[PDB]
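As a plain string of letters, each chain reads:
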Amino acid sequence: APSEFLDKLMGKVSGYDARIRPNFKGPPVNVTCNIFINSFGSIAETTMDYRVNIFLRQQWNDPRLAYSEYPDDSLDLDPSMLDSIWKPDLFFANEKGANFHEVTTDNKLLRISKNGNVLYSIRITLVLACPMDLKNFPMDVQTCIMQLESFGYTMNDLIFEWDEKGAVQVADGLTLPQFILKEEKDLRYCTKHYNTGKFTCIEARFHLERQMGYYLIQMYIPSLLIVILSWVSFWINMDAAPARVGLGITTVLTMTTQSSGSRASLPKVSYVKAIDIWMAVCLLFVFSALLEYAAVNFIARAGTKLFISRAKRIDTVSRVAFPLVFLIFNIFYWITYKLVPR
Amino acid sequence: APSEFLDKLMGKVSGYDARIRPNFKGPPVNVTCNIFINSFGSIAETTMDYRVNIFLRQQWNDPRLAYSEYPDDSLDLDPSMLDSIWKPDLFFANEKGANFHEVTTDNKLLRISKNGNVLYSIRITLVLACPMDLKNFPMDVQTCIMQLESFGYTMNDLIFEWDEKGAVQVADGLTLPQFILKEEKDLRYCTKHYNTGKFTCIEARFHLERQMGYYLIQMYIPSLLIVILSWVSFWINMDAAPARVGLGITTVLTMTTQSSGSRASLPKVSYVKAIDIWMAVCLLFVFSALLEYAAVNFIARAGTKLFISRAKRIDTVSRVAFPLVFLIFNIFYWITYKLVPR
Amino acid sequence: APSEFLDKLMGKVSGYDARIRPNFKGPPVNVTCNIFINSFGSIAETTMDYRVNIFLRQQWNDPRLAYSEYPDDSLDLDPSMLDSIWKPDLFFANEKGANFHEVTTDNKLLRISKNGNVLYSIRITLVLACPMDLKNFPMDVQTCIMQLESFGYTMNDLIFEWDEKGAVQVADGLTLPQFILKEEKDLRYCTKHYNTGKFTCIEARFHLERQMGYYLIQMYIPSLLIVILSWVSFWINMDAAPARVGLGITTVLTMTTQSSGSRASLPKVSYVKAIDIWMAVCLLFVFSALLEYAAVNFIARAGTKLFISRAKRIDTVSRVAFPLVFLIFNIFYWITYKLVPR
Amino acid sequence: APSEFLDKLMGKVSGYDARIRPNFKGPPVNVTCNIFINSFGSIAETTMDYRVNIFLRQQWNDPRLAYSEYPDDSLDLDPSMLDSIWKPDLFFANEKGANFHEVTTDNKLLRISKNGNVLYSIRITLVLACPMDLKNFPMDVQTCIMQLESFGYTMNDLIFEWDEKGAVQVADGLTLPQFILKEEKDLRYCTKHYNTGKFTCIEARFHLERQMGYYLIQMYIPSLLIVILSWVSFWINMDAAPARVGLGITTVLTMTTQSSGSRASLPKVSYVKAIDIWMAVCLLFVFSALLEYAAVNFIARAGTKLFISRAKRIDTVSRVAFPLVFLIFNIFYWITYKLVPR
Amino acid sequence: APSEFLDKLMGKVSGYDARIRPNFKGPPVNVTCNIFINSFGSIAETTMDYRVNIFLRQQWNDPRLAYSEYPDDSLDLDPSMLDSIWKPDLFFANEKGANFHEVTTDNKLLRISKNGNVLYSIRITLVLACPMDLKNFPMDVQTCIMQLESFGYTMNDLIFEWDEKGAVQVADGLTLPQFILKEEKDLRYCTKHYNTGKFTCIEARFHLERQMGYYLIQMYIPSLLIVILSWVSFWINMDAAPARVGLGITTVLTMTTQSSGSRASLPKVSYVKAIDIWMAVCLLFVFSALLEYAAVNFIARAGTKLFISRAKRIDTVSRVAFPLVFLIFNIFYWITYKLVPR
Ligand SMILES: CC[C@H](C)[C@H]1O[C@]2(CC[C@@H]1C)C[C@@H]1C[C@@H](C/C=C(\C)[C@@H](O[C@H]3C[C@H](OC)[C@@H](O[C@H]4C[C@H](OC)[C@@H](O)[C@H](C)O4)[C@H](C)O3)[C@@H](C)/C=C/C=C3\CO[C@@H]4[C@H](O)C(C)=C[C@@H](C(=O)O1)[C@]34O)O2
Ligand SMILES: CC[C@H](C)[C@H]1O[C@]2(CC[C@@H]1C)C[C@@H]1C[C@@H](C/C=C(\C)[C@@H](O[C@H]3C[C@H](OC)[C@@H](O[C@H]4C[C@H](OC)[C@@H](O)[C@H](C)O4)[C@H](C)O3)[C@@H](C)/C=C/C=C3\CO[C@@H]4[C@H](O)C(C)=C[C@@H](C(=O)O1)[C@]34O)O2
Ligand SMILES: CC[C@H](C)[C@H]1O[C@]2(CC[C@@H]1C)C[C@@H]1C[C@@H](C/C=C(\C)[C@@H](O[C@H]3C[C@H](OC)[C@@H](O[C@H]4C[C@H](OC)[C@@H](O)[C@H](C)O4)[C@H](C)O3)[C@@H](C)/C=C/C=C3\CO[C@@H]4[C@H](O)C(C)=C[C@@H](C(=O)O1)[C@]34O)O2
Ligand SMILES: CC[C@H](C)[C@H]1O[C@]2(CC[C@@H]1C)C[C@@H]1C[C@@H](C/C=C(\C)[C@@H](O[C@H]3C[C@H](OC)[C@@H](O[C@H]4C[C@H](OC)[C@@H](O)[C@H](C)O4)[C@H](C)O3)[C@@H](C)/C=C/C=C3\CO[C@@H]4[C@H](O)C(C)=C[C@@H](C(=O)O1)[C@]34O)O2
Ligand SMILES: CC[C@H](C)[C@H]1O[C@]2(CC[C@@H]1C)C[C@@H]1C[C@@H](C/C=C(\C)[C@@H](O[C@H]3C[C@H](OC)[C@@H](O[C@H]4C[C@H](OC)[C@@H](O)[C@H](C)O4)[C@H](C)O3)[C@@H](C)/C=C/C=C3\CO[C@@H]4[C@H](O)C(C)=C[C@@H](C(=O)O1)[C@]34O)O2
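Residue numbers (the numbering used here), protein chains in the order written: chain R, 59 to 400; chain C, 59 to 400; chain P, 59 to 400; chain S, 59 to 400; chain G, 59 to 400.
Be careful, since some hints might not be right.
The list treats identical chains as one, so a pair stands whether inside a single copy or across any two.
Straight-line alpha carbon distances no greater than 20 Å define the calculated DMTMM-like cross-link-like pairs of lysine to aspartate or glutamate that follow [what the hints assert, rightly or not]:
| no. | residue 1 | residue 2 |
| --- | --- | --- |
| 1 | 223 | 62 |
| 2 | 250 | 191 |
| 3 | 145 | 215 |
| 4 | 256 | 130 |
| 5 | 243 | 350 |
| 6 | 145 | 103 |
| 7 | 250 | 134 |
| 8 | 363 | 75 |
| 9 | 256 | 219 |
| 10 | 256 | 230 |
| 11 | 83 | 65 |
| 12 | 83 | 62 |
| 13 | 363 | 297 |
| 14 | 363 | 136 |
| 15 | 83 | 297 |
| 16 | 70 | 136 |
| 17 | 326 | 222 |
| 18 | 256 | 134 |
Everything labelled a hint here was simulated from the structure, so no lab data went into it.
With the rest of the complex left out, here is chain R:
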């Protein structure tokens, strides 16, 4: 009897056809699909893509599946039965490849309401290639988008609509080590025009903000320290050229290395990153320090002690100048990027 009902509803009997669209030659089937995202992982600037595995819940009703037989409002069909019924055909457009998880049983959940409402749920792993603007790199906000489109049928045949309440849910305990996701999530329609015809698509937005802890600790602090080293360099007498030339050279080299280190993590990009203007100014200051020492030597290795007194003056006034120029730059710098954002 219970098997007999799976056989009666879905059997060849009643002439049910998998291939034919529900309510065919008529109003477009409306699919309400909401996604529950388990995790973001392996977000890489260089690879340019981010991994997310999601439950996809799509709901479409067809009149023909509706049954008067059982008391229960919704009956849970077997996962295999699902291969038999018509399914809405939905591919991630930017998907860059994706896979089901078939571990143990195939992971799929389907249930038919007596009304004829169908609930269909699948667990997918997605790699998604999102374009991301690095115009200001360290502290930027990046938007990651996923758009679900129907490759099979045109606009008149099929439509996608987000669920009116709670269209995208996130894991209760989900955190990203590198970025923080924002509670506010934008959802917006799109319509794709292709040579073949117009295909429906719906896209979610995700907003992610870069954690400043790691970059502060790694990128900025050593720069600050190295810049301190020039400052301590100034106090040593000009008579010892090696100590000054040694500090200047060593510091400029280290700044070079520190600068490349930032570059290795990132994808190769034409426009100047904020990190680059920071490195350019730090390097400009150490180079200017060595430059000042060079000028002091040009005056000192030249001649008369009156000039050497002049140079002992420029030493003090310089040592007072550099922390001020660096500090004022720093102040002027932080406001634009980390304050009044967007």
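For chain R, the structure is supplied; the task is to place chains C, P, S and G with the ligands on it using the hints.
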């Protein structure tokens, strides 16, 4: 005759249906599942996931499979027969992808007791994404969790229960090169609430403790050595500025490199790692050493021999001071992290 | 009735055979295929290949599929039905491996016009091995080619023709981080002669131009800076040999490192890259600077003050000479590669 | 007729059942299986696993397959026929994943003797995770083990036995770039006890010895050279502090780098590697050299020429001492690890 | 009618059996197979394997497929039909894994001549593990071999023969960035003896020669340059110890780094590479230069000006000596490896 019994029990005859849940429209099927874990491998902080391949043994009884025909209490069915019978549908929630091992035969073991108890065993390889807190990195205890949930049916239909005795077993000879697993294993229920309904889950806990041998040998000892180099630097006369500036610079650079080296292995993280406070203090001491030499020079390059005597005093008192401040820091440091843990 | 038409047109009835070519033993089937390319990604010089995922739209008409039954000009058949009809067999020749995207439904779109025109669309991910000439590396234009050939039948049986209008389309918002694609796209026939017979092929051209921003910021500027360091080195008195030897050595070493850094990204290649002539000249200038200092010392460590005056002359005239020789080289250099291209 | 015999022996006729074990409800089936190993490849200490692809030849007789029809002692059945007959189910326990090679035809060889002896051969690629002890790393002997167990049936049902003569064969021309395999091969039974029951297993042993050429050339020689540099450092007068401090520092730094270099290849391990005691002693000697120079300076920068004469004595006696202490250490070192092994 | 002929020739009618070998119980089937290689790619010394994707064309005639029905000499069967006919079973022995390309249609080409000659063509991607001798690394000739063997049947059943004319063809435009392939190609039989029996194999030879451009530009030139730096070092007066010690140390360090750099690309190997003798001699010369400076100091820091004159003599005679010893070594070196090869 023996084939005739596989054909009689599992045949179309008797109207056995694969798709229908055992004891349908009634008390939820109870699955007692215990796992035997062959190995942990490729645990990587950066990838954030750990590999484990496990035997999964799940036991559920259904009345309809029960047979009075044979003398034997448990009969071992063919591995293919398994595709025909109803199986409890169980997916690892955090699985991040997983695969069966089909090498030679498909690796699956099933047996039916005359009572109707079914024993079902499969060999799976799992990658598992466990969130791990690095708040104190080198010596931390990390908890790795795996939760088994039923994607197919709600709470009223199906339930998972760990076996009362020996729910998780480990290989007799299993060792992890990086961590040690703890004999005490916590097992605790969870219930998942999703928009679709409430799904049963059961989760194991694994506790892993970081081996301090490698990090002691690699991370800490070279730091100690480099800090010794400042100490030997102090004894050289202040008259030779290059030897002192050379030692100070070289040591601070090496400390910088040593510090980055720790960072390369780890995933990028916002909160300060214990290794970082260690590096910060070591670097602070070498920098303070160079700083003291700079002050000594400010007094020395300045003027009168009374001051130079003053500086020869500060040399000795400093050389006595640094091992004490470093030693007291070290003592104060170890207690918090490696003593009175958690 | 609607199922009955899928059954009538494609049924065993009417004796339709999948295996037989349309209009068999006659004029070669003509396939008009246009591709819509979603993205280029992971273009790597070292791996030598570039990833592109494309929609492939191929159109061939066969008389036998044509139907008089429906009012609609084009009817959209089910994606599975596609396995039944004869398909033009088309493999990417240089494909180096490729995969369909079967996520959710298999992603395939097919429709039959009453005329008998068939539209067939598939979404594919391609890795493509394109040979690329590095003769001038940093600023080069690279051509990436994909050729679609029929492995199954000879020229007399089958032919490929690009669509007369809009044979290749690109995503409206598509950008490549490393290169820019050019609007002008060349399309040209090819015919392959193999021992078996002659097979049709059609190949698209893509032209890509290297972004000069990243290489300017990374490769060239540090070179400029390091070359500046020699210039500042000259001013320090020759009396201090260490400062001069220190600057010369340090700079030549850094130039060595900078040079290798360029090499690591690129595939190993026999012919000299433009970047290499740039590095060779920069290194030649720093080496020549140190060389001049060495000559100055050979005169200076030798003897009489008249010679030392001679050397103080060569210092000034040299410091005036080096920026001129470097600047004139730079000017002479840029014209060939970034100006009057091809 | 020849097809008729495949149809008669393996047909539904005679009531042959694939699922049922040979000689069912009786003495355990005995499988004699010998392996021919094509190659070892990609043996990596860090990944901890080694690749081997093997032919597996397993022989079990069943009475029912035996035929009186043909003259030939052994008849070669079609590779597909193999799917129909019962196969012994054998999975590599530590397999960590493995794959068949299906290129061209599926690669499988089966033949049935009239006696009823069945020869079954398959070509498999295995990744095998072998635990390996690094207690003395550079020159160690490592044992790699593969154990073949039956996941399907208990001890009473099935048994594995190595072939009495030539159970494991190796390719005639097989060589490993990193290790050498030893002709003597140990083969030993194991029995696995699991909660389900006792399962048969048979394990091969492979013994591999590390090639000392590469590590001698790479690891040890540069250490020797750097240690020579301290020796040449001693001869330079103590009056020039920079040359001595320069050599001491530079050499200790280089030793640090050389030491890390060894570490990068290896998996992270708690226990001290032999390479580490070697590095510790080399570094101890360079550090002791710099230390002696520091003491000499403490005496020299202090005061009276009688002390400076004392120091010129300690220079000579030291320069005589260091090659002796290093040489005697070297001698004492090599004996334990490369002599009287195990 | 045309379908009726596929049904008549290959139908169950006429009692055609896929499983049975052509001309069974008789003279061994003779397969003439020629390969057309599209590309070599990703040849890596470290991975030890090289990728090649090839068309495999194998020709065997069977009497039973021969038909008198059509006028055409050769008829092209459908790619699926191929699964039905008997195929020669041919696996690459060293294949290390390989895959078909199933993109769009499965890529397979088959045609049956009325004579009964069958032409069968498949497109395969192969990874091939070739053993390669590095005894002289930079400029070596390496032979890469692929051997095609029949795993299914013995010598008496099946045989492989290369096509008498043009057995291996190469792409008209094929080039390898790292090596050049030689027009002369050796083809030679092999017979494999295994415990099971004797299996036929045929192997192609490929000869590849290393491009000297990249290694000249990268490996050798910087060595030459660094060796020049010692030469320029000699001219500086011995009075400044730091400039000489600085140049000697810096150069020996850089030589160390340059030496390791070569090692990173290559697989770990016991026997001494030619590149190693080159590095050993270069390093020996820089070390000998520093050594000579040390001796000069032992004489100079010692005492009387007559000795200092002696040392100013050894300076000149040395500076004349080193370019000669290095040049004569270079000459003596190149002849063995790049001249009179093999
Ligand atoms: C003339 C430069 C000399 C050598 C000066 O160098 C120094 C010191 C003083 C010298 C006189 C140091 C140098 C920076 C320069 C000053 C330059 C800048 C602050 C910026 O660059 C300028 C010019 C540049 O166009 C030549 C321009 O880019 C274009 C590219 C695109 O158009 C096609 C477009 O997007 C738009 C038009 O922008 C830029 C906007 O503006 C800044 C971008 C450069 C930073 C420099 C660096 C950043 O990572 C490098 C690395 O970390 C390293 C090793 C050293 C750094 C350095 O060496 O920093 C570094 O190379 O000062
Ligand atoms: C002012 C710093 C100057 C340059 C001082 O530098 C030195 C020497 C003396 C200078 C005056 C050396 C420097 C450390 C500083 C002292 C700083 C610390 C001990 C710590 O940082 C402070 C400030 C920091 O917030 C600015 C704060 O982080 C926040 C981040 C998050 O909020 C958004 C939150 O999680 C919480 C609020 O915590 C921290 C807790 O506390 C410590 C974290 C820094 C260690 C420094 C380093 C660790 O890896 C780096 C690397 O190995 C390297 C190359 C050098 C190191 C270094 O250069 O170490 C390094 O960069 O002293
Ligand atoms: C004699 C050289 C001495 C050591 C000189 O070195 C320096 C300084 C002065 C010394 C006297 C520095 C050196 C370059 C040389 C001058 C050489 C060139 C400008 C070029 O090379 C010459 C000769 C070379 O054939 C020996 C020839 O290649 C052939 C190869 C192929 O035939 C089989 C064919 O394609 C065609 C015939 O071309 C070339 C065309 O032309 C240039 C190619 C070399 C650049 C050098 C380098 C580029 O990356 C290297 C790296 O960044 C590094 C660490 C240092 C660089 C360097 O060390 O640069 C570097 O190694 O000058
Ligand atoms: C006090 C050390 C000072 C800094 C001394 O450092 C130097 C010079 C003189 C200083 C006074 C140099 C230093 C070694 C020390 C002497 C130490 C050893 C020879 C060994 O270590 C000792 C102590 C160590 O337990 C603290 C102990 O490990 C335990 C770990 C486990 O228990 C939990 C267990 O398995 C068992 C109990 O063993 C060890 C057995 O025995 C040796 C192991 C250390 C070698 C050092 C190094 C090896 O790779 C490192 C790297 O290449 C580098 C950059 C420098 C090396 C160095 O710096 O070498 C290095 O760090 O001497
Ligand atoms: C005693 C050596 C001292 C330290 C001398 O070092 C220097 C300078 C002068 C010192 C007195 C420098 C040193 C080489 C030596 C001279 C040695 C050689 C030219 C060669 O080696 C000798 C001895 C060696 O067996 C100990 C032997 O190998 C065996 C291995 C196998 O048997 C089991 C077998 O295959 C066969 C018997 O061959 C070899 C054939 O012959 C040469 C091979 C060594 C080259 C050295 C190096 C190559 O890459 C290394 C790297 O780039 C680096 C950082 C420095 C190099 C170096 O340091 O080079 C380096 O380590 O001279």
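Hints, verified against the model:
Neither within a single protomer nor between protomers do residue 223 and residue 62 lie at most 20 Å apart by alpha-carbon distance, with minima of 37 Å and 41 Å respectively. In this homomeric assembly, residue 250 and residue 191 never come within 20 Å of each other (Cα to Cα): the closest approach is 23 Å inside a single copy and 37 Å across copies. In this assembly of identical chains, residue 145 and residue 215 lie within 20 Å of each other by CA distance solely inside one copy; the values are 13 Å within and 25 Å between copies. Proximity of residue 256 and residue 130 under a CA criterion of 20 Å is satisfied inter-copy only: 17 Å between copies versus 39 Å inside one chain copy.
Proximity of residue 243 to residue 350 under the C-alpha cut-off of 20 Å is found in neither arrangement, the shortest distances being 53 Å within a copy and 55 Å between copies. For a Cα distance limit of 20 Å, the shortest separation of residue 145 from residue 103 qualifies neither inside one copy, at 36 Å, nor across copies, at 40 Å. Proximity of residue 250 and residue 134 under a CA criterion of 20 Å is satisfied inter-copy only: 18 Å between copies versus 35 Å inside one chain copy. In this assembly of identical chains, residue 363 and residue 75 lie within 20 Å of each other by CA distance neither inside one copy nor across copies; the values are 104 Å within and 105 Å between.
Taking the closest pair of Cα atoms, residue 256 and residue 219 come within 20 Å of each other only inside a single copy of the chain (16 Å); across copies the shortest separation is 25 Å, beyond that limit. For the identical chains of this complex, residue 256 and residue 230 are inter-copy neighbours only, at 15 Å across copies versus 37 Å inside a copy, given an alpha-carbon limit of 20 Å. Taking the closest pair of Cα atoms, residue 83 and residue 65 come within 20 Å of each other only across two copies (18 Å); inside a single copy the shortest separation is 27 Å, beyond that limit. For the identical chains of this complex, residue 83 and residue 62 are inter-copy neighbours only, at 15 Å across copies versus 31 Å inside a copy, given an alpha-carbon limit of 20 Å.
When the C-alpha separation of residue 363 and residue 297 is checked against a cutoff of 20 Å, the pair qualifies both within a copy, at 13 Å, and between copies, at 18 Å. Proximity of residue 363 to residue 136 under the C-alpha cut-off of 20 Å is found in neither arrangement, the shortest distances being 98 Å within a copy and 96 Å between copies. In this assembly of identical chains, the alpha carbons of residue 83 and residue 297 never lie at most 20 Å apart, being 94 Å within a copy and 96 Å across copies at closest. In the homo-oligomer, the alpha carbons of residue 70 and residue 136 lie at most 20 Å apart both inside one protomer (17 Å) and across protomers (18 Å), since each shortest distance falls under that limit.
When the C-alpha separation of residue 326 and residue 222 is checked against a cutoff of 20 Å, the pair qualifies neither within a copy, at 41 Å, nor between copies, at 37 Å. Proximity of residue 256 to residue 134 under the C-alpha cut-off of 20 Å is restricted to the inter-copy arrangement: shortest distance 14 Å between copies versus 34 Å within a copy.
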